[PDB]
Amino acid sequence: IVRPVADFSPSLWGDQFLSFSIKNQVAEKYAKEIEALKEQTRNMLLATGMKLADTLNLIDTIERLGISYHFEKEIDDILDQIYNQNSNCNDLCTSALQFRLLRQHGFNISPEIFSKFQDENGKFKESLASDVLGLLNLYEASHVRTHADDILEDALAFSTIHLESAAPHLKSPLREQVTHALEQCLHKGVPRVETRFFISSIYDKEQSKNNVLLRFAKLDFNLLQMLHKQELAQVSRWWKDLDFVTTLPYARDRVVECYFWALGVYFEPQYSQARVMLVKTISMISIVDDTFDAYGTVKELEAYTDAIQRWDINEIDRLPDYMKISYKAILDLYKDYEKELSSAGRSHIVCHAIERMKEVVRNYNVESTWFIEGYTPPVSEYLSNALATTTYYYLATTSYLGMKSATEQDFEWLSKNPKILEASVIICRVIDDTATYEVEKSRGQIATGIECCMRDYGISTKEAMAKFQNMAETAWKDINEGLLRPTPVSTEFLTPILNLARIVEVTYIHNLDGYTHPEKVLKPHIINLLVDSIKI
């Protein structure tokens, strides 16, 4: 009968997103100049007789500027060529960037390219400590390691200590790029977030900047932002006419933050339908989470869990009134997905995301049973249940729904919990528990990941958190390895999973829960991405 106290902060945003009306004269004009600029940039890429270092810096800059999604065939062709020519006679700067760009695109370049920069013990020659650009590219490259790249185990520490030492005396914008890299490396960042910083804080301030590229990048970032703002408007209108803000007061109102998540997974225009389906799923499973977490009684949660398993509108009446609200909304949402896809013949694939939802909810229920009984499972058993409650198997499966190129054989792959997906789920799991340990512990949670780990192994909280960090590191090595060719599905279907690991890194930065507490971290991100245009 008696419910908990609701210490959730309300949406920072209000209705400032509910109605955006594109200025079409502007949009049509940005697009007009962009087509012209696109071809200029393409000819830059297909220009013959460029040196190696120049080619890599070109591709690098086009990627950091956020426009590389325009030139996927042209960039692949060039990198493919570089991979096969085996250019092993350069400095640290060009070598490190060559290794990173090729690895990021699935080209298994050998790490022995770095041997000429190391003495005996495979430790980097300290005589390189004064080459700042080399250190910066090594820093970035060190984050794409797989398990076969032990040659690079010293790279992060070596480059970090010397970049820190050099930083204060460097010129601008180099200093700001260095400082930002030490806080957020490129490989693990949300693309639009890094792109926004690079375009405005760095490239725009560089003495050597290419005016064509900076122009292209500013107009492209502002044009896509208009698309994102229309998307957020229709999603905000959707969330509004659902009115969980008042009929389900206990839940987190975070539909903007959910859109930021969906924007992290993919930002390109061809994924606009996929983006809208995803944000709706995310915001809705967030409602269900909060119901198990800090509202529903044990008997209520049992009925809810079984009703979901049966997926039948005939079953609503077993639920309390407040659960009827979210239960119908859920079933309605998937009815909507089926009709949204029927005009392309892809309705059936919606059953895959449904089955992953059922699995999420079963495991919410187990988490609650455990909490009621005061059971502290062994780490093995805790993970068997807690990996799915991340919702990451669910969100990954959902991200394929709006992708027109997704086939059945791609859902077959995902459904077998392939390595790359499991790594992304683990990273989410252990980063969450590290961040939410203290608070959730003081709410009486006896079965937190860190607590299971302590009790199981007989190790202090510090040793336990350290161990959870290694599972994250291991998982990032598995992610990077899962991107190497030949890939088991199209790269197009790996990127969302990689992008889901990125979101976790970005959202829980500095060891805090950014979704539940969006002001410190997520707020400036959503502003730079969805409120403020780049000063053109």
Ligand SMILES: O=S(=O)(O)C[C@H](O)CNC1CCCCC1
The other form holds:
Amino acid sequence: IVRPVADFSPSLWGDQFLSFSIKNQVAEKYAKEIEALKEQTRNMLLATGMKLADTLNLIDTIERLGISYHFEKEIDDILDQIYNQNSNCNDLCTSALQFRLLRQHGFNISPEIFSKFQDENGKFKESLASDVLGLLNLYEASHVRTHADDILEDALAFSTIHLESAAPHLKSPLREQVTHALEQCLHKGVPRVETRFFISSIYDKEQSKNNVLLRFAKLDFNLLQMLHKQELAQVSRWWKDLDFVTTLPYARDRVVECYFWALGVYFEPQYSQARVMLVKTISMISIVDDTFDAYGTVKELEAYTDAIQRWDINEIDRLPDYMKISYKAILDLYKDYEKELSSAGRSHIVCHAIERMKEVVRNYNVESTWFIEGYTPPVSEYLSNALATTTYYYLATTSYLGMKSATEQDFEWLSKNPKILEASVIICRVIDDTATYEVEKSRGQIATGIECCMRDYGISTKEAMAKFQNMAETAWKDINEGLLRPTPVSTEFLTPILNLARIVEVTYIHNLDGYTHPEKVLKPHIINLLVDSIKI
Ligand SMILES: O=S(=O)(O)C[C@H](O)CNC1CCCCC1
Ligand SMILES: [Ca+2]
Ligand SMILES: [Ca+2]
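The form solved without this ligand done, now the form deposited with this ligand bound:
The next block holds the full complex; its first chain is the one shown before.
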């Protein structure tokens, strides 16, 4: 039986992550100072008689520095006060920042705050073109729109064109901040990634920087980084002992990239257990994907799909040897999850992730049938299958497993495909389809997203990609609306879904395709987050 020729690049990391020995003295020193710095910072936040602009800038700085997870209650109370006092009497810079921070935190501040900055036609007053800080904050704000915010329709184009015009003559690090922003907006970036850039490239170089905050941010980042490196070591050893890199040589060797994904979903220490579970799932489902995509025959894949549905070690014998490997490994991983949640009494929730995995595999098999048949479905039918194959319903569900406060009701809500989840899935699907169209088209994938779209509507490749881009923009608005209070579950269970969408934007930036080819996009991020500490 002829199998395809292996074509994936080797892991580019080797063993450099396999063993990390934390320096307890250094760790405890950092933790001791951070405690002091944390309290100094709390008092900055709780200071009375601050002007609105000063308060917003403080909160914004603490958020960009990556240390706001220490001050969730404090920041919430303050933004809530600002929301309810409803003061509209400020300049563009403060107004746009006020708008972004409140919306990002679920406070539905009216977009009417921007009317004084527009003419009678809703277009921004062109006389604001010389106010760089206003334009920058408007630019960042333009990305948190919902469908109810069409008044802000012009904001992105307006701020973009004038920021571009001004940038070459700005002083540093404002110039670098603007240039970075135009390439990657804050709201749609991976939080650790934006934080690393902000601390090192911007705040560290600000003449006006607060030294207490800067020191706080650097220590905290480097301290959390020690934990992440410990996690990645523990995970790298797990993967090594599985040894798929030799027994399943057709499959991608990408556990580091998978860790980066999981780190993107949450970075905080309290989610350590959750992160480790999540990265194992992503690794394992990546193996299954490649089995369907680049090795298994139709008959093999059918048996594999059936065995998954039945979910029973008895079924291994129905499978070819090489499939027995991943199949047992899958069953065992979930038995590990169950035991790992036993003492917390949360073992019962693992079945939710299993049912989503079954769904992914069913749709993988459908996808294989389509390819073999040369079937090009209508867009609606394509999406009915291809949304699950992003794995994003599955990953979002998995993200909940290690979260100590995730309840059965939280899983029940997720299981109904709520709109914020569907939007995140849609974003992953259409961006991936736009990025990977050309190569899949060369591999004879008659049923790619863009292809289905072209045939269905009778439009060009260009027109199809534009339509897919609109679907992504619509979905972001839905995600943003999905964060507005009151929320159907705790915000803590929405942020993972938002972060999954950010993962997409970052991974396929400039329409590149980055997990399969981590050299392009992900390698600098991995080095910055998991290899190089921030120099103090
Ligand atoms: O759905 S496809 O277009 O064929 C390719 C999807 O982007 C695959 N999503 C990844 C699967 C491997 C683990 C990380 C997620
Ligand atoms: Ca695939
Ligand atoms: Ca793809």
